[PDB]
Structures are given as C-alpha cells and as structure tokens.
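Peer 1: Listed here are the chains, written in short residue letters.
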Amino acid sequence: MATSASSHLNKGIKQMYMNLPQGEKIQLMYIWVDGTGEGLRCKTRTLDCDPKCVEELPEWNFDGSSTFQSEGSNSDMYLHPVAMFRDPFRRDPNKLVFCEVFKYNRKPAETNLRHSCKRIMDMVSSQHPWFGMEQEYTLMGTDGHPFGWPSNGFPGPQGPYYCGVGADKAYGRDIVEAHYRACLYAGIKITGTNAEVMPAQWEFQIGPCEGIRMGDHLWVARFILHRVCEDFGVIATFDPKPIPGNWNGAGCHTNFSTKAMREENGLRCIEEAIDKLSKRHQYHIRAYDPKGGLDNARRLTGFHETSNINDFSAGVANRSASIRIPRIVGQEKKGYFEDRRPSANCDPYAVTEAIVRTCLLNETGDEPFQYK
Amino acid sequence: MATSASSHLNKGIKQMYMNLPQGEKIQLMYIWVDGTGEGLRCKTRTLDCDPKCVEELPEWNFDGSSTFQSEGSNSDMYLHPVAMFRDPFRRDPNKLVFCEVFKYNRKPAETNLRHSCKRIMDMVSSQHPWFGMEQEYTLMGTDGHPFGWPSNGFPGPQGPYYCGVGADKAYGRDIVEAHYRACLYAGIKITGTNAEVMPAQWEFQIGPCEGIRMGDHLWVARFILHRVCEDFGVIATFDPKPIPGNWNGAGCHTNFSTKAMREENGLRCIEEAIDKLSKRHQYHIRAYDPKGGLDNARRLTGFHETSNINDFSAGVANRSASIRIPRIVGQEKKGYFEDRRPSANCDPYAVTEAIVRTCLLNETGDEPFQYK
Amino acid sequence: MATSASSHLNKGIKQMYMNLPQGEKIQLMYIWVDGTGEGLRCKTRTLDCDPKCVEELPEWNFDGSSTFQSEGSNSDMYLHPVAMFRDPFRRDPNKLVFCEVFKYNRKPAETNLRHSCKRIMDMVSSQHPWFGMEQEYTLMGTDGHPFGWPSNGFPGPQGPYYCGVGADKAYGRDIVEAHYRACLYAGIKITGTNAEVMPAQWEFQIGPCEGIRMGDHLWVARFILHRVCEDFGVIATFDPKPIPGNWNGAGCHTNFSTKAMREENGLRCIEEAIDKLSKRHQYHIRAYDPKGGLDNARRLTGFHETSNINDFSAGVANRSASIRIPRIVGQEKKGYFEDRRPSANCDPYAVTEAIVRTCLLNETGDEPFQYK
Amino acid sequence: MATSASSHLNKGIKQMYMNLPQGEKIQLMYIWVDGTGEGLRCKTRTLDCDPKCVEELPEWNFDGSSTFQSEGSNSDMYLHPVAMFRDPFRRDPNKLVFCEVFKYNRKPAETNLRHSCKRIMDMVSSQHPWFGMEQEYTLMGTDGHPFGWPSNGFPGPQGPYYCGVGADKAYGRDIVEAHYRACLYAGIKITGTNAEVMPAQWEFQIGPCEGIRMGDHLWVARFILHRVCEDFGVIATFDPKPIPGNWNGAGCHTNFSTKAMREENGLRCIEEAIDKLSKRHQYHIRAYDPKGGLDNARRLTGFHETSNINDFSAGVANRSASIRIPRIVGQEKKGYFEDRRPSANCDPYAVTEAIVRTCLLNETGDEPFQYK
Amino acid sequence: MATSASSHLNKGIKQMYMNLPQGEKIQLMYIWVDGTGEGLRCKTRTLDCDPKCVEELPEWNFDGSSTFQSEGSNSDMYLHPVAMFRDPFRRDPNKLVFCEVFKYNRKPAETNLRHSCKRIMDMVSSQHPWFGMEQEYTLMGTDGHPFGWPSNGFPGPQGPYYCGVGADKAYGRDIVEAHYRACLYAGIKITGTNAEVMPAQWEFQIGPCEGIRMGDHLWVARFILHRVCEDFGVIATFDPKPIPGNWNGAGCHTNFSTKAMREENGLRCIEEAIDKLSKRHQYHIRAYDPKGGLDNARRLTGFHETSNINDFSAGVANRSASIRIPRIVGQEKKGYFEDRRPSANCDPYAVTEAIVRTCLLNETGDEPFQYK
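Heads up: the sequence lines are chains D, U, S, Y and F, in that order. Here this note's numbering runs 1055 ahead of the position in the first sequence, where the first position is 1. Here this note's numbering runs 1055 ahead of the position in the second sequence, where the first position is 1. Here this note's numbering runs 1055 ahead of the position in the third sequence, where the first position is 1. Here this note's numbering runs 1055 ahead of the position in the fourth sequence, where the first position is 1. Here this note's numbering runs 1055 ahead of the position in the fifth sequence, where the first position is 1.
Incorrect hints may have been included.
Remember, identical chains collapse to one label, so a pair may be satisfied in a single copy or spanning two.
[As the list claims (entries may be wrong)] BS3-like cross-link-like pairs, simulated, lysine-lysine; straight-line CA separation at most 27 Å:
1) 1331 x 1107
2) 1162 x 1066
3) 1244 x 1158
4) 1098 x 1162
5) 1427 x 1098
6) 1162 x 1388
7) 1331 x 1066
8) 1173 x 1388
9) 1314 x 1107
10) 1158 x 1427
Simulated from the structure, these hints should not be mistaken for lab results.
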C-alpha cells in the first residue's frame, strides 16, 4: 500500500522546527482556484504586521500560464484578497487568505465565478438566502486505489460501513478528526461529519452560511482537507464516481432557505421554488458540475438513493428524489429544501448562483441575464 | 500479520492537530445500535453552546436503509438522546451521546429494546435492582486470526495466560489500559479487568449499575472499546466462540441483586428466584443472545468450564453451572447471585428486562406482558 | 499470501534426485480412507519384483490409534489392496495401491463402504450401471483464504470467472493442468475439466465408470489432487461452502445410466428411476454427505442453480432442479440423468450404493437390506 | 509491482508433470466468445481417439447464465466446433477447438456473428476477398498500471520505444516471443510483430486470411495471447485507449483486397471501394467496435497519427487518414487498401462483414440486408 | 523461517557442473562415526581405477583431535574400508565407503563397536540372525524450530498428521522422497517409509538385513539423510524427544528373527528369546541410547504410546508395551518380537550385539564376555 514520499519524512523534526518562536513577522498563505475549476493553489508571503481586516491585505500576482488560465505573452494574473481565516496549520497569528482572480486587464478570470455570484447576492441581500452544503469525498492512496481497501481487491459488500466504527468499518478516521479540528480552529462553520456508505468515503457539512460566504467557506474547507491529506500522505478526491459499479458515488447536497421559507407558512415559498426548478432542470444540470454533465452522469444512474439525471422528481422525505423536503420541515410548515443533484466536485458559486437566479429572480431561458 | 491501514498513519500528526485550541464550538458524537443488534454506529455534529443536561440535546435523523432497519420509501429514522458522557477521545467539553432509535411514525424501532426496558425499570424503581455485567472480548487482527498468535499457528496450551504478565503471556495489554483509562475518564462505572484464559482474550466488568443505566453504560463501553481498537488497528470481537476447539469462549456473566437481597437476610430470596429461572430456562436462553440460541451453543459445550446447552444448575462455589451464588454472599446471607448463562454478544437490555420480568414481576409464560 | 514451507524447497534438487535409476525394487504407496470419511492417508513400501496383477500385492497393517478410527486395546488395522494404478509422481514401475480397511477380526471397518458397495454391484453386474461424478473443489492458501484472492479482501463480483481465461480470471490453472495430466498418466478415466463460477474453484468430471471402479477412480483422483497440491504448496478443499454468502458452493453431480436406459426407448427406465428417487429422497439426502446432513444443507439453498435440500424437483434441461434430464437424452429418448444433490465432500461409495439400491433393486424403507 | 499469484507457483513442478507420457487419451479445449463480445471462455474434455478433421468433433453444451448469454429457465447453450488448431500449450495430439454458440432452439446467439459472416463470405466466395488485421495490445500488471512502468509514474516521453531494443525500451518481449512461437506452432498465419509507440504496447499482424478464416484465426490468436499472459502473470488488454492523454492508442488496421484488386490495374477497384466507404462511414464506425462507437471515440481524436472519428479522409501513404493506400500499391496500381478505423477490441467478424457488405455487395442504408 | 545459506545458492549452476563428463578418475567418500557416537564425518579422495571389491580400497588416516577421538600428541587415526555402496550424490562409478576407525596402535577406537559386532556375528553366523530397524527422525530448520511449524508457535493438535497427505498435513515430503530414491539407488535395503504422528517427523524402515550388514546399512542410511538434508538446507535430528510437551518423540523399533524362528513352529524360539530379554533390563536401557537413560528417559514416559522406563511388558498388540509380538505372529505360530524400546539415536551395533548376546549366546550378568 503506497503512501506519498512526503508522509515518510520524520514528522518529529517538523514538530521540532514548528515549536520555535516565530517572532513578529506573519505568514499569509494566499489560496485561489485554478483554471480547471476544481484544483486549489496556494503560496505564502511574509507581512510585517498583523492585518486587522481583509481590506488591509495587499494584492498579489502569479503566473497564469502555469495554471491553465492565460497565454504566454500576458501571463500575469492578479490575486485580490476576499476572505480571511485563522491558519490552523501555522497557528496564530498566521492567516489563510482566500482571493479572487483577475486577468491582466482587470476583468474577471474565466473561473472567477465569485464576482457574478457577488452581484447576484447583492441584488438579493434583503431576503437573506441561507445555504448549507454537504461535501462528500473519498480518501485515496497515491496509487489511485481507495485508501484502506485491500490491494488489487474490494472490501466486503456495502452495508456495515455507513457511520461505522471499528478497524474493519472506518478507513482513515484520523484524517476526518484532523480536518474537523482544523476547520473549527480556522473558524469555518463546519456543522458535522459522518462516514458514508462506501468504505473510505466521508461527508462533512458546512452551513448555514449566508450568501457569498458559502463559497468562501466551502473552498477553504476543501483546501484544508487537501492540506490535511498532504500531511498524512493520502489524497482527497471529489470525483462523483471514484469506483465504477455498485459503489456509492459522491454528491454535494445543497439545503436552501429564504426568510420567507423560514417564517410561518413558508412552505408555499418552498413549493414555488421547487416548481421553478422544475422549469429549468436542464439549465441547473448544466450548472451543477464543471464539465457540464460529463461528470454528474456516472453517479446519478437512478439507483443507490440518487435521482436520475434526466427526470425531475419530488417528494416529502424521499431520499431518492432530485429534491427532498425534510419531514420536519413539512410538519412545521417552515424551513429549507434539499437539492440532491449537485456533484461532489461542483463549484459552489455556480450552484448558489443558479439556485438564486431560478428561485428568487424568476429567471427563464438557457442563459443567465446580465444586470446593470 | 495485518494491522489496519489507518493504524500506520503518523499519529504524531494527529496529535499535532488535536492540540489546536478548539474554541467555543462543541462536538457531539451520536452513537446508536444498528439493525443487527451487535454493531454500533456513530456520527458527529457541531453545537454552538455547552449543554447543561441531557434534555437540552437535539433530536437527529439518519438513513435507516443503510443500517438494515428500514425500507427505501421511508428510510429516515430518528435519534432521541438518552445518555450523555464525557468524550475521552476529544476531551472536555465534547461528549458522547447514546440515543434511542425511533421509526418514521415515532414508534420504537425493532432493536430499540431500551424503551421497554426503561418502562419495566420505572415499574420496579422502588426495589432498586442492581446489575453487574462481566464483558469478555477477544482482540483480533484484521486478517481474522487472534492478535499476537503465531502466523497460521497456535500458542502453547492454556494455563499460563490467565492474568498473565510477560511478552509471551499477555497480548495487547496496551488496548486494555487505554480502554480502561478512557472508560474512567468518560464516567463509566467500570469496576475491573483481567486477562482471560485464552491469549488475547480480556474481560472488563461494569457495575454495580442500577436499572436502565446498565444498558446505557454497557453499550457505551463497547463503543469505547471499538474506538480504542480502531486507533490501534485491531478488532474487538464479542463472538461467543471466536476460535473453535479447546479455546475458551466468551460470556457475559450477570450479577443480580435487589434492595431486599442486600439487606439483612435474603439468601432465601436467591434460592426461590433460582427455582423460577430453572423452570424457564429455554425462555432465558432465548433472551440471552441475538441469533435465537445457535450462537451460545458453540460455547456452552460443557467440557471447557460451561453448562450444557440445556440444563439449569445452582450451587455455592462451582464454575460448572449456569448460576453461581458467591461464597461470601452465602456466608453473610445477603448479596447477589451470578447468572453465568448470557453470551458475550448479548443485548444488555434484553438480559436485564428478562431477569426483572422473571424475578421481580413474577411473570410466567413465553411472551412478556403488556402493561398499561 | 502464505504458501507452505515445503513448496519453497528447491525443486531442482528434487529433480536431480528423481532422475537416478531406481533399479529393480518398486515403491508401492498404500492409500486408504481415514475415520473421518474425508481425509486420505498413505505410506509406501518396497517390493522386490514387478507385480503383474492386483492379487499379487501383499496385505499390510498400520496403527489405528492416531488416524481416528479405533481406540485402546486393539489398534492394528489391515489394508487389503483393491485397486492398482500407475504412479504419476514416481513414474513406472512404481504404483499407487488403493486399499480397503479391515478390523483385527477381518470384519469391514465402519468406513469401509467399498465392501458393501462391491456386494451391491456384484448383485447388479448384469445390468451394467454406469456413473459419472463431477467433483468440484476450491484451491486455498495455507492461511485459509482462497488462493489468489486479494489479501483480506474479495475479487470482483461473480460473472467473468466461470471457464475464464486470463490472469485476472483463472487462479491456479497450473494446478488443474498438473492434476489432469497426472490422472491421464495414472489411468483414471477423467473426461474433462472447467473453471467454476467462484475464482479458485474448479470442477473435474470422472466417468462413465462401471460400478465399484467409479468409487475406486474417484477416491484415487482426490488423492492425486492433494498430492499435486502438496507439491505446489496449496490446499484443495472439498467443503460444500468454503466462503459463506453469495459465492458458489461445490457439488458432486452424478450422471447415472443403465444398459436398458442407453438402448432404444430407454427414457422410460430413466423416468422409472426418477420416480424411485422421488420415493427415497430423504434416504438419498442422508446418504450424500459425511457430517450427516450438516454439510449439504449449507449448499442446497435453492439459489445459484442448486435444488432445495427438502424438495425433490425434476425438470428437463432444468439446471436448478434436484434431477435434470439432459436435453439430448430427452430428444433421443435414451441416456442418463443427472442427480444434482450430492455434496462435493460426499463418499462416492455411499451415493452409488444408495442410488443403485433405490433405482435398480426397487428397495424401500430407511435401512439397507441384508442379502445372502 | 503485483503479478498474479498463479505466476509465482513453481513452474518446474508444472514442467515435471507435463513431461509425463499422456497415453492414448486426447484433451480438447473448447473456446467460445462470451456475452460481452470481448471475453473468451474455455473448457476441456477428453476424447478417446485423434480426430482427423473438424467435422469429427462432438458438439458440447455449457451453462449460459454464467456468461451473460441466456436466462435461468433455459440456461443450456451449445458449442458447435467450427475450427481446429494444434494445441501449443499441451503439444500434439491435443487440440484447441474454436466453436460457434447456439441457443436451445439452435438459433445463433446474439454474439454469434460468425454465422452471418460465413453466409456473406459464401455469397462472395468467387471473388476471394483477402483480409489482414493488425491487432495492437497493451501488457498490464494485475494492479492496473501498464507492465514495466514505474510504480505510480510514467516512463520517458514517447519516441525511443517504437521497435525498441534494450531493457529500458521494450517491456515484455518474452511474452511476444512466446506468443509468436505458439501461434506458429498452432498453425495461425501470424505474419509479424513490432513494438508500438507506447512502452509495453505491441502489435501482431494476422493474415492474409481468406474470408471467414480471419475471424477464426484472430479470435484464437487472442486466446493464445491471454493464455500466454496467464502463464506469465500479466494481462493483455485490447482497450483502444488504455492510458488517457498523450500515450498512443491501440487500433486494429485492416488490409483488404479482392482478386480484381490484386490483378493488373486493380487501383480502380480500390478507389471504388473507398468511394463506397465514404457513403457508409457512419454505419461502419458503429460496426467497428462492440459498443457502437463509444470505445472508438476515445482513440480516434485526430492526434497521434489517428483519423478523426467523424470525418472520412483518404490519401496515398497518409498514416493519419481514415483509409490509407500504401505507396507501393499506388505505384504498382494493384494490391490492397488499409482501413485504419477499427478499434483494437473490435470483433473481426463485424469488421469483415461491414467491409464486404459495403465494398462488394454495393449495399446502402443503415441495416444489413437479409438474403435468401 | 530460516534455512541455511548453502540452500540459497543457485542449484542450476551446480547442475551445470555435475553434467560434465567426469572421465576415468573416481571419487571415494570415506564415512566414519565420530567420537560422540551420533555424528558422521566424511572426506573424499580420488582413485585412478574402478575398485572391483572392498579389499582393493586403501586404508586412510585422519586427525582424531578434531573429532573428539584422540589426544593432541598422537592424534592420527586410521580408516579401514569395510563397506562400499554406490554414490547417489555423485553417480556411478563413484562410491560411498563406510569405514571402521582404529587407533594409532591398531586397537579399536572407543566408539568402533563394529569390530566386536563382527566378532559376535561371526560367532553366531550359522543361525542367520535377521534384523530390521525402523529409524524415526525429525526435520528441523536451521533456527532450531521444527521445520514447517509456525514461527514461535505450534501447529494443530496431534491426529491429522500420521501418514498425512496435503500441504497442511505433511511437511517436507520432498526430502523423504529424495532420501528414499537415493537409498534405493545406493543399494540400501530400505523396505518402506511413512509419516509419523508429529508433523515434520518421519520414519523409514531398513531390513531385513543379516547380522553386521544391518549396522552398515543403517549408519549409511543416516549419512544419506544428512546429505540430502544438506542439499535442502534443513537438519535431520534423531534427538529422542524433538520438541518438549505433548509432541511424540522418535524411536528405532527393532524386528528380530533367527533361522529357527522363521521355520515351522519357530514361535517357541521367539518365546525363549523374549524370556531372555526379560532377564536383562537396565543393561538394555543403558545400551539403547548414546548416554544411558538421560536422552532415552525423555521418551519412554509410557504416556504417548511408550514403555515407562522401569519394567518390561511383553504383549500381543499392546502398542504401549516393551516387547510387542505382532498379532500375525500370535495366530501363525511364527514371526518376530519388536523390541519397541531402543531410541532413535541408538547405535545399531550396540542394539544388535546386546540382543544376540542375550537371546542366542545365553549370556548372563551385566558385562559382556570376552571370547577367544
């Protein structure tokens, strides 16, 4: 079983160095989404004093030609800091700084979907849309086989692994515990974790976050997971179908509510939103993964408690439908609904933008509107 | 010899992460019994503030179809918190929360035996029934062979291993020490441990616990053991006969006393109750393990210190029976008796409920009475 | 994956020694069935000259206190040569000698079923009963896990392995080829082989053999398999269900025909035989396994194209029925039928004796008749 | 790097057994195509005498439910011998027997394409159509990584490997040499081999074969390769794109000529055939791999000297076009043309049927004609 | 499990050298008993021509100080050739030459018991005493643990191993087969072999040999075993009780007959001989093991089928008796007593000399008589 070379370095030496008093200088690790829309990149600079707010952080630049985002002639791209978190890897006073990407002409990069999401959120800020997203992921070895699985083989049939405890049920819990503690320290609004049906597959839930903060929070959570995995020598994969066949896929279920939905008799608004989703289902399917269906397909086949990608279905407490209204929300007549369609590898900005455009702005047609 | 993949991860890194200050958020691990009656499941959520009592803990839900407990159409099940303990794995203020399972219609699940046991305990609360259970278990490697045995072979004959000390006598004492300390920290009323006759078999004793707390305590102790074993990469098995042949089986001896028995005089009450159980041997043998009786059979062969599968016997000082009256209890004419019949994999709620129904409610017949 | 220590000895040295001219002395390996009914034992003596026929071979004796057959006082048991074959392991002129076991008083041992089977065959020799048996077996490693399976894991789902070719489809074909060639050299009337559905499970077919020779051939075939496996360091298991669950079991399907059945319009006799089997189904099931019904029950479940142990079910070209009439036999109105009920670990002597007693002697009742 | 368990068995023991004189009995290995259209299955029976021609071989049956070819109620399938070859694995007098598959009613199975191909060939037998097919394949380890590649890595860039010699250039030449010698011994008209551009990828060429023999020959050649690979413990894959990205795909280039094409001024016939292909390109792309174009789409991208799956192109000595006329054929104005479109995993019967139907029978439309 | 370094040398190279034509020179391996009475020593010289009889072989000398047989000042000892056998290790025309050891003054060495045995045999040559000896031995690894046993552990309980077949039953059969074939080639009168009760323990039987030749044969057989073991890298031990506990030890049962016993009504002579043996006990148990009781007194515990070292107990069958008289003898009034008392490590010359002195010469007292 092959773990990364980096994981076999003596970590006690690393701990010896990390315990040195750092002094007055502060490390800022800038994180940004690359040109593929799935990968995260990061690099660190030293600042002289502790920044009080995100507006005090300097803009930076990077080579876009190395990240699949620009041509060689004008390869400089700009990093604009947008969110600041405590750094769980380097401890206080160091910070994680999530940034937006701009082109050489100061136009949004092709994958900078936060900019448009921010516009939509400013337009609908008065209704306070809340999102919760459940990010499923699979721990893999560096050889591409799932972590903890028998070499060149499969574990026992599905059943004992969901929320399992024991050496034969849960593979890689150390990673989940480390990620959970790191997220809590950093200030991400992580609300829980559970083992998924497939061994070595896990799910963490972020939320409820208001508006643009979801993307800020979710992306950084993914980064922290990768970093934790890097320390341990495993790979977190967000592929919607890591193992073909009867093994469960990975989704990113999105719970959505508005002020009207959360207040008394808000179920009516829930039904209106779901009805609108019924009218743009194909647009949303195109919106819920970076490759436009070419990924979401493998998973959603119409089994293993997933919806069929082609047919929209709705029901109360129906875990196999495209949209599920939780039973408690139905009983209390207020709350949220759960869109079960997004793939695990989705860009959260695209998902939230599509949901708000369809449900709240009453948009129609295949292309999003451009607003003044 | 195969330890789990998770056990080979660098635990110093995990310790590095666990030392981060967690802040104000609190992790709650919900634990519940699954559809098999032997396995435990768990998942964790984050709460914003410190709960003061068990009544403050929120209800939760899970997918019952993945735990052999529901059909696909109405797969949601409910977790009602019933017991709260300190979390020994994550330290204060985090908690382990043991829960009852309810169906979609708010009826007790098939394996939610705590509900009826709690009812019976409320019915007999004035007599203060005390129970003690001696849980035997075997440490196994992930390859299915007992931990520490020679590969594809057998250690020396039984004899030197019971309560043994030395590299050749006790296999896996680190696990017992870790489990013991974790149980003490969590607040389980663990009263002792000893190495059993077969190498790698250990026994811990819980009690004396009053009424319903035994099931609450015993189940959570089992969970902690699995979790400790998970950290170490071994598997705790409660199978009543893990290795066929001359190797000792695993039982769950149940010490039983009432308030009347503990007071001056009462040995008589022991003998009468003994008689009662005698008449309803089959019944108890049915209540005392999951799989009908088949499981216990492989253990209660009669040769290696056990009672034949079909025979009630009682005496003072005799390890060749089903119920033992301790010598000191006989001499002082007060105390408890030891039912030696329950299998190691028994559900404690079933055992305690059957014992109370027979000894305290003077029930007769094959089916338990329904009370108003 | 652990192969036997013996298999790691340098086989080139063995080959160096085996090529020395042996001279005039001849090695005879005496083979006999032990007290369990499944194990085979053997030992070798040197004779001075080449025996021309089986009657020239001397009777031998052995100690019966170890091979679980006898007990105290009288132990010596007698081996009477009954079948002689060429030695495929040592080549001509050496021989394998299969023997009957007799007690000190020259009465047949409890497991010496050849004596009675031979009696019945002598009684029915004029009708020339022919049998063919398809012996399925599983190749296992010395650690008790099936050979070629991933360590502590399972291969892919059933489907690609039956009669498979390729490194990922057929595990252990070398064993099958060696066994097959050895059987042809020895003179066993082996008629074919194929890979079965579960990986590492294979089936060889012996027959059509007339009367007692069938048993003689089949037992010796099993010995050769063990010996071949011994050379290679793997273990052949005849357990009817080596791996629990959805993995295929191992059976010993028995094709039966008589002279009358093989002639024109012989189908009527086949149907008569089937009716008699239908009248003695329980006797035959009891006669088809060692432990005593506790083996065949694990295989004959009604799934995976097996009959249910309790119900006698015919069916032309019906591969799931208790009795199948092959299609060609049905179309031509003559031939054999296939009894699918015997377990892989059956004693062939018991199956053929019971079948002949029911179908040809028109016997009834639970106990065998005593003939003059 | 993980080779199969079977390959680590001591092959000297196997050689010891194979050198035993086999005697008069003969082994016949029946080979057939399974329900997937790519896999081959085989099983062996013993015959009493040496068959002189293929018509003397008996029909056989097998269980179709295990090969994805029938339902449970009528699971018997029939093997009709159609081609006989010498067995290179067991030597004379043993034989390999390639068979057609029939249903219980003697109708051709869904994947039994030989029946129709034979019909078409009989209809056009007077023109003596000759085909040559170039079967490319990749040697893989049992871990799913190409054989000889660095663990979890890639060899050097493409360039040095095509027809390479040396330990660092050609991976697995022993397999190619063994396969070549086995094919020559069996009597297959194998005409050459070369190392392909990707390391561990090889190509062998079969032909020129007349009509139906192409499929008979090619399938058996594939079987021999799998068997050779089985001995060595590697897996031969015919996947058209075994490794995504810039690594070369595997094709099955088909050289086609008729008697008219081979005669003086036959270039005109070549151009006419190419013109017809231009009119039925889409039908042929659908016909040239077993999944209707899905497999071939991964290979025919327009890069790496492959044609684009959507556009037909033709040229003299143009290796990237859909159809290439070799330069020497163009200069001499007679010969064959090379269809470069078929995927490596194609069924040769489908390719030859489509080519003959389009080029020689002047068929048009999407569905094949039914002839009297 | 640790085999010797010598066994890991490439034996193919050795085989390459051994096939070279040896020419006219001949290798003679001189073998002699060392000062311990258990070890064998050997060295080889080249002779110019093929000796026709044993009288043509030259006397040799060696350094006795290295073999615990002489002092430093006069350390030269003499080897007198006494028996010549074909060399199975070097093939014809090479020979093994067993020798007597003489001191510098031409007096027999302390361990040269052959001289006196030859004298006694010459004295009783007219009665033709025949002996057969059954030599049990245990195969050990070079680490001192029994060969094939699990590392630092024990195999399963005794029972399945006696005369066992299979990878899990018989450890080291290659060695037994090689030794057997080598003995046959060399001309030793080996009469059979069988696996013993303890795994890795085997027994071979030599005889019937007349008089002194028995010792010649047995010693040389032991040498061949050591040499065979040397090739395989294991150690043959004759230590009376190989591994302490419930593991069977090793004996050398001696079958004895005279010409008178073998003729009609010879049973009377058998009874007379047994009566004489009854009149000499401790003498025999001090001449049936290199160092008196000590070693032997670890086997004859009388528990695991042995004769409690204390008293004799003639008995038909009675396997656990001192001098067994096989049933055959009893019901045939002729046969051979089986002195079941000598240990496996006995000097055969001492056993046969003592038996002849007691049974045939009617000697009495503790010390042997000196004859003219």
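Peer 1: Compare the structure with each hint and give your call.
Peer 2: Right, here's what the structure says about each hint:
{"no.": "1", "hint": "1331 x 1107", "result": "neither (42 Å within a copy, 43 Å between copies)"}
{"no.": "2", "hint": "1162 x 1066", "result": "neither (43 Å within a copy, 46 Å between copies)"}
{"no.": "3", "hint": "1244 x 1158", "result": "neither (31 Å within a copy, 30 Å between copies)"}
{"no.": "4", "hint": "1098 x 1162", "result": "within (22 Å within a copy, 44 Å between copies)"}
{"no.": "5", "hint": "1427 x 1098", "result": "neither (35 Å within a copy, 46 Å between copies)"}
{"no.": "6", "hint": "1162 x 1388", "result": "between (44 Å within a copy, 22 Å between copies)"}
{"no.": "7", "hint": "1331 x 1066", "result": "neither (53 Å within a copy, 50 Å between copies)"}
{"no.": "8", "hint": "1173 x 1388", "result": "neither (30 Å within a copy, 33 Å between copies)"}
{"no.": "9", "hint": "1314 x 1107", "result": "neither (31 Å within a copy, 30 Å between copies)"}
{"no.": "10", "hint": "1158 x 1427", "result": "within (21 Å within a copy, 52 Å between copies)"}
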